[PDB]
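Here is how the chains run, residue by residue.
Number of protein chains: 2
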Amino acid sequence: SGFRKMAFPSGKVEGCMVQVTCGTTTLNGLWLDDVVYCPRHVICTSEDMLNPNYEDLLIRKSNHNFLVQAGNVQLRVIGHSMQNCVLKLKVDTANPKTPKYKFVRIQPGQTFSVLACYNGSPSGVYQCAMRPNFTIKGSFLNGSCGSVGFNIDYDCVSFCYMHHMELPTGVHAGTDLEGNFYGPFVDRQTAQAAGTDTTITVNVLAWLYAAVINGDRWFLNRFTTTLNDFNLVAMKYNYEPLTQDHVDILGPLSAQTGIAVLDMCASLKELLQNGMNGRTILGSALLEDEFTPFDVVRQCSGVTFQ
Amino acid sequence: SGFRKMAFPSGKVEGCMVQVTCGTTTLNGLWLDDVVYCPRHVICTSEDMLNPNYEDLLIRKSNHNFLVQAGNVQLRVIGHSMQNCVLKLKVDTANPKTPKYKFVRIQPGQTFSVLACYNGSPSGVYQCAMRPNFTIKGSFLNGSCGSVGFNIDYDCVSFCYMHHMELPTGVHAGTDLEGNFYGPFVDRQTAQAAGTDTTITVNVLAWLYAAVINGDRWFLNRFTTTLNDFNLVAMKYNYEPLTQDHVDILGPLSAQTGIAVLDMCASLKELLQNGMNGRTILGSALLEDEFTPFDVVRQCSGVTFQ
Ligand SMILES: *c1ncc([N+](=O)[O-])s1
Ligand SMILES: *c1ncc([N+](=O)[O-])s1
Ligand SMILES: *c1ncc([N+](=O)[O-])s1
Ligand SMILES: *c1ncc([N+](=O)[O-])s1
Ligand SMILES: *c1ncc([N+](=O)[O-])s1
Ligand SMILES: *c1ncc([N+](=O)[O-])s1
Numbered sequence: 001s002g003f004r005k006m007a008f009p010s011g012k013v014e015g016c017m018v019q020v021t022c023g024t025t026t027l028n029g030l031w032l033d034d035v036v037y038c039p040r041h042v043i044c045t046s047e048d049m050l051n052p053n054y055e056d057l058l059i060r061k062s063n064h065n066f067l068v069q070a071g072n073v074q075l076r077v078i079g080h081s082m083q084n085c086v087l088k089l090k091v092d093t094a095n096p097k098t099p100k101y102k103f104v105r106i107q108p109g110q111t112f113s114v115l116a117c118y119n120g121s122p123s124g125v126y127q128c129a130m131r132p133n134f135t136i137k138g139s140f141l142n143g144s145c146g147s148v149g150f151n152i153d154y155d156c157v158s159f160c161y162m163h164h165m166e167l168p169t170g171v172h173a174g175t176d177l178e179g180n181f182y183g184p185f186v187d188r189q190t191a192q193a194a195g196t197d198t199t200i201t202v203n204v205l206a207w208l209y210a211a212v213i214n215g216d217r218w219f220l221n222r223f224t225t226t227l228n229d230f231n232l233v234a235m236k237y238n239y240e241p242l243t244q245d246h247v248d249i250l251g252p253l254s255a256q257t258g259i260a261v262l263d264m265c266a267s268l269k270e271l272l273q274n275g276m277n278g279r280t281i282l283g284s285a286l287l288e289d290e291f292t293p294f295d296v297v298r299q300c301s302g303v304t305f306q
Numbered sequence: 001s002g003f004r005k006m007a008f009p010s011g012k013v014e015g016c017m018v019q020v021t022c023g024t025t026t027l028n029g030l031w032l033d034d035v036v037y038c039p040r041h042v043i044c045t046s047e048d049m050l051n052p053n054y055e056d057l058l059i060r061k062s063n064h065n066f067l068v069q070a071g072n073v074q075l076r077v078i079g080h081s082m083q084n085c086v087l088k089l090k091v092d093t094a095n096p097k098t099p100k101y102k103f104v105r106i107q108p109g110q111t112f113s114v115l116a117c118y119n120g121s122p123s124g125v126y127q128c129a130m131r132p133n134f135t136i137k138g139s140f141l142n143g144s145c146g147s148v149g150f151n152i153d154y155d156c157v158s159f160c161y162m163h164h165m166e167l168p169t170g171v172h173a174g175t176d177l178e179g180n181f182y183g184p185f186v187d188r189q190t191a192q193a194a195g196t197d198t199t200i201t202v203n204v205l206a207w208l209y210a211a212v213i214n215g216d217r218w219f220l221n222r223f224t225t226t227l228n229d230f231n232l233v234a235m236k237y238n239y240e241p242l243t244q245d246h247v248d249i250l251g252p253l254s255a256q257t258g259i260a261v262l263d264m265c266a267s268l269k270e271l272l273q274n275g276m277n278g279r280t281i282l283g284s285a286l287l288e289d290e291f292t293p294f295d296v297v298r299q300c301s302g303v304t305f306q
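Going line by line, the protein sequences match chains A and A'. A prime marks a further copy of an entry chain. Final position of the first sequence in PDB author numbering is 306; the numbers increase by one with none missing. Final position of the second sequence in PDB author numbering is 306; the numbers increase by one with none missing.
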């Protein structure tokens, strides 16, 4: 009973966080095996970010310019190389706490856990989604650059996000762990901005199914809809189009509840056209879109990790 | 920038979770030093919960009746004793991962992180508040009995909650780590029920200050109020009374924003009397009450733990 925005347990990632300092810049890095990954912005100092040439900045740097601290232990840097927008700092010490891991890039609409960190020290953990416009609505202060996002499956940590910056609306932009930005953003200070977003339709439907599993039925109705007639109405309220593949992945939740996917779409259509009339769903007065179909199944089943 | 419901990093608690099995009952336990703490309900089996005498049930039990598993390692039980509604299982092995810890009981209105677990394996982490009626609005399935709630300060883990049961409205009841229930609940199957709740007024005000720190100002107004005139209006919408001590602890947030506490109360009064008129605050269409004044300061400052 109950349904909560739930993050993955963070212990496996906590044991990988370190502090990187170069010049007058300090940020967070990620220590796996004998490599420390961090944002390349660390080689910039208070004159080197309007239009930096990082290749030119990096070849001027000596290994000893890089202070890496793992707790109160100093790690010695023995090599460095730049891969897109991340640095790879080769250290003389392999992290004995390295979990099984993968570097994966996620799709907009997919969710993950963020471990927010300052000076290599973990501050909090929370769940995020990749918006359709490739930003994320996080919580990040000065110093949090280099904090990572991730998913866990059995014993494997799939790292998907490294934090780099704040956009002028208060949302956040970052890279995958190969250093490639999500969306049309750069690791400079330009006038770049988020650009328009949409609501993640398949996730809203997953959350409506969660509400039914949990005992809410008030929003159901007698009607059905075709997939075309739904998307027509859905485009009108700034919702992403729904595909047959989306219908297919909502199949398990449909079979568990006995509500055909297209009947749930009829519910959503009425909720979009009429509002909630002072009611709530799962403690929310807004249609929530940061739970995937898989999150709902995972939470409602009790799946664990080792 | 941004403001999120953030849980504490969970690694220190993950390394304390184990599985306890007795008869046909399996649940979660908490291994600190050479003691495993778990709900005493584990000595019940499918006939021993309508009106159990646990003292009488426990003296019939042999140490070898208790299977404790820490990962794929079996811990041998060498003693047992009952303390209120928890068991203390003395094992022959001290947990090398025992953090610095305290057992503390929290007040209604205070927040904490829950690490939901099944079979000794962590599933997810999320933030909760102790409601005024001593329940918590969690997310818990069959098998989650024995999961704990906690806070962290620097390097100290203050354990405050052990989960025991679900109430018929879908909310949850449990004990502190000395085995004393929060609120008027028992670890039997009776007809017990939650009883009426209220909204945590001081926390709503803290969250309004968070919104101002974050850039929302739309809900502010020109008016002020006395503390009496506010509580009059506040009682009317099922909100807890606000005290001078509450006013005092909101002082830091008032000084950071330049908005006197009683001017913020005037804002809340108007929001209670008029609604939001289709607007939102920090991505919510409801007045949120699960952030304490201290949570806001902690998040907006970047405080970390080691
Ligand atoms: C997923 N949401 C609610 C469940 N329940 O069984 O109470 S499972
Ligand atoms: C998760 N399982 C195995 C991995 N590997 O790199 O082998 S990651
Ligand atoms: C990490 N902190 C700041 C960055 N920037 O590109 O400005 S990256
Ligand atoms: C706490 N909430 C928002 C902050 N900010 O500085 O953007 S601090
Ligand atoms: C947090 N700091 C010290 C503790 N102790 O039991 O000594 S708990
Ligand atoms: C832990 N699981 C069930 C309990 N009960 O008192 O029924 S305690």
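No wet-lab data here; the hints were simulated from the structure. Treat the hints loosely; a few may be bogus.
The list treats identical chains as interchangeable, and a pair is accepted whether it falls inside one copy or across any two copies.
Subject to a maximum C-alpha distance of 25 Å in a straight line, what follows is the list of computed SDA-like cross-link-like pairs (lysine to any residue) [to be verified]: (1) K137 with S1; (2) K137 with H246; (3) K97 with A70; (4) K90 with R60; (5) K269 with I106; (6) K137 with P293; (7) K269 with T280; (8) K236 with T26; (9) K137 with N277; (10) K269 with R279; (11) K100 with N51; (12) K137 with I213; (13) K137 with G215; (14) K137 with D216; (15) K97 with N231.
Hints, verified against the model:
Taking the closest pair of Cα atoms, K137 and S1 come within 25 Å of each other only across two copies (9 Å); inside a single copy the shortest separation is 27 Å, beyond that limit. For a Cα distance limit of 25 Å, the shortest separation of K137 from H246 inside one copy, 24 Å, qualifies, whereas the shortest one across copies, 31 Å, does not. Within a single copy, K97 and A70 get their C-alpha atoms as close as 12 Å, and across copies as close as 18 Å, so both meet the 25 Å cut-off. For a Cα distance limit of 25 Å, the shortest separation of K90 from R60 inside one copy, 17 Å, qualifies, whereas the shortest one across copies, 60 Å, does not.
Taking CA atoms no more than 25 Å apart as the test, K269 paired with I106 passes in neither setting, with 28 Å inside one copy and 44 Å between copies. When the C-alpha separation of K137 and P293 is checked against a cutoff of 25 Å, the pair qualifies both within a copy, at 20 Å, and between copies, at 22 Å. With identical chains, the CA atoms of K269 and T280 are at most 25 Å apart both within one copy (16 Å) and between copies (22 Å). Taking the shortest alpha-carbon separations for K236 and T26, neither the intra-copy value of 46 Å nor the inter-copy value of 51 Å comes in at or below 25 Å.
Taking the shortest Cα distances, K137 and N277 sit within 25 Å of each other only across copies (24 Å), while inside one copy they are farther apart (27 Å). Taking the closest pair of Cα atoms, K269 and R279 come within 25 Å of each other both inside a single copy (16 Å) and across two copies (21 Å). With identical chains, the CA atoms of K100 and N51 are never at most 25 Å apart, being 38 Å at best within one copy and 48 Å at best between copies. When the C-alpha separation of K137 and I213 is checked against a cutoff of 25 Å, the pair qualifies only between copies, where the shortest distance is 16 Å, while the shortest distance within a copy is 27 Å.
Taking CA atoms no more than 25 Å apart as the test, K137 paired with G215 passes between copies only; the shortest distance there is 15 Å, against 29 Å inside one copy. Taking identical chains as interchangeable, the C-alpha atoms of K137 and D216 lie at most 25 Å apart only when they sit on different chains, with a minimum of 15 Å there against 28 Å within one chain. Neither within a single protomer nor between protomers do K97 and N231 lie at most 25 Å apart by alpha-carbon distance, with minima of 48 Å and 53 Å respectively.
The structure fails hints 5, 8, 11 and 15 (numbered hints given earlier, in ascending order).
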